[PDB]
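Only a part of the assembly is drawn; its chains keep their places, and the rest are absent.
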Amino acid sequence: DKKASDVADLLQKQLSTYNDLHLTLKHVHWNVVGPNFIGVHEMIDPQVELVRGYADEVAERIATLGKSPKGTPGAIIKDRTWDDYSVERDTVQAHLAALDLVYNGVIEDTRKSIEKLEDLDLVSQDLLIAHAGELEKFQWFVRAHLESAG
Amino acid sequence: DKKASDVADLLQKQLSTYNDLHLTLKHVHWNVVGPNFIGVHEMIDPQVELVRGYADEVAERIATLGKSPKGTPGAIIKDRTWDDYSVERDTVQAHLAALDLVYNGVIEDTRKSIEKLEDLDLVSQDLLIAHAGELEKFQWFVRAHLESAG
Amino acid sequence: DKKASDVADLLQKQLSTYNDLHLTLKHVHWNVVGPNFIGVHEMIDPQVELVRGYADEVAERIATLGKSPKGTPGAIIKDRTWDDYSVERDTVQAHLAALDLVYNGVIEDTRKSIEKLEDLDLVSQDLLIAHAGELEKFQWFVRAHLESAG
Amino acid sequence: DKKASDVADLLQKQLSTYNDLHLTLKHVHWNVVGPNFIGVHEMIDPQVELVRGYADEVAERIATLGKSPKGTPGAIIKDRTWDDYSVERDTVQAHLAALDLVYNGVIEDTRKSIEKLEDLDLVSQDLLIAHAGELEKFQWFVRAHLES
């Protein structure tokens, strides 16, 4: 129960971020309009599944550690730090810029936890290190759209 | 814009209920313990996908009608009427009883909308009528567990 | 069969609308060019699939009703629906704008046949109710690419 | 509940029809001979699975409505209002003709249930309305065979 409790808490934070993340991901998928919006749909779909699956992993890891994971809407806002995605019906430029911002928080938060799990739980850390690869790759695809010349 | 606006609103309610629903569904999947918890996992998994897909349908129907659908956590609690699933680490009996309750609201709410869409939009109604079939069947599987003799 | 004759007549118009539709749909696929034409390709492919399928259902339903379904080119330009598609090799917006109007008539015609079937054949009605949803959803995606005039 | 018992009762009549139907579908499959029985084999197979699935759908709908669905041979006999299918080893013509008559009842009974369910249960009605389309479509393929 020693450090496991502490790790379990770190994961809960991650759990709420993922839930909030795939909800948001879906939200923009539904509200993006404009010329190149099919490409955005194409790009979001797989990420939504990846993140949803990461929520399952993170959640099942919290339970394996001994605590009870929370996935209800209330727990999402309680844990939440990143306000609430506020861009609605809009273009690819607006939603991508906003999403890039969302990922800065997600990636930065994931890096810290990986750093914090170094001496608590290698397994749980490896879990986060695997997620960071896709989280960061995705942000790049997002950024790549906002570069009409680079 | 006439009645479409009104239909679009009815759907938004449904959209938030579904989002809250698959989040909750997942929450119990993660927190159910006890002897017959594998059967509960088995039963929940497909429902989580069905409901998630219904969220996409309902959401894409709101946009098709002309309004902007909301899937962020904030919109879920704003629209929300059914509090916030409060059963955590627990047995199959407790979670199923709670879920049966959750579905009473979901099914009852879906029936009204189907009733209200009768003279507004047959298509959107057919969408809800298709969902009601699975929503109700699922509740029965849930109830079936709580019947150790019937 | 008297009402069966009417219903069949109604479906025949729908059939010809569907045939002209997938011919037209494919026509644009082969003629859309521009920086984002591929997004439109990936949008049309499954719609052609669906509409070719809908034509089969309507044709088979008509036969089921005891009438001979007509699918020859002469039959199509007779029942007709819209001016023989006049956009050749052109931009994405030029094509999508045209497509939008083509879908306005399809959806309107579908809406009317559904009302007329209300008191004639619940099964044939159900067929169009099912069709309307995807037909409307598709226009939506076409319109999503368009966003001018404020 | 008192309006749902009415829906459960209809459905059980519908459930027994499906069971007797997919058994009969297999029976004709096993006994059709003649130059083109192969095609009738192909035509019946997917229908058998469709109807076997429809039986499942209705039985589950009955249990959802709080009643106990009946699927034993005895249940079929009790509910059955028609005569046991009586064609044995025979021509494609003979079976397809008998089957045409069978689907006349199946379809007529389904429409009457779709008609009653109208003011009782729109969800249960939707279930049958969906079935109807397939049952009637299948009867056409049976009939197309009969028009030499």
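Which chain is which? They are A, B, C and D, in the order written, and residues in each are numbered from 1.
Just so we're on the same page, contacts are C-beta pairs under 8 Å (C-beta built on N, C-alpha and C of every residue); 3 or more make two chains touch, one makes a residue touch a chain.
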item	value
Number of identical chains forming the whole complex, with 4 shown	12
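Keep this in mind: only the chains that are shown with their structure count from here on.
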item	value
Whole-Å gap separating subunit B and subunit C, where each centre is the average of the chain's CA atoms	32
Topology of the chain contact graph, where touching chains are joined (line, ring, star, complete, other)	other
Interchain contacts (touch definition) - all pairs	A-B, A-C, B-C, B-D, C-D
Subunit A to subunit B touching residues, read off their complex	19-20, 23-24, 26-27, 30-31, 55-56, 59-60, 62-63, 68-74, 76-77, 80, 84-86, 88-89
Interface residues, subunit B side, partner subunit D - complex	114, 129-130, 132-133, 136-137, 139-140, 144
Complex contact set, residues of subunit A against subunit C	32-39, 42, 91
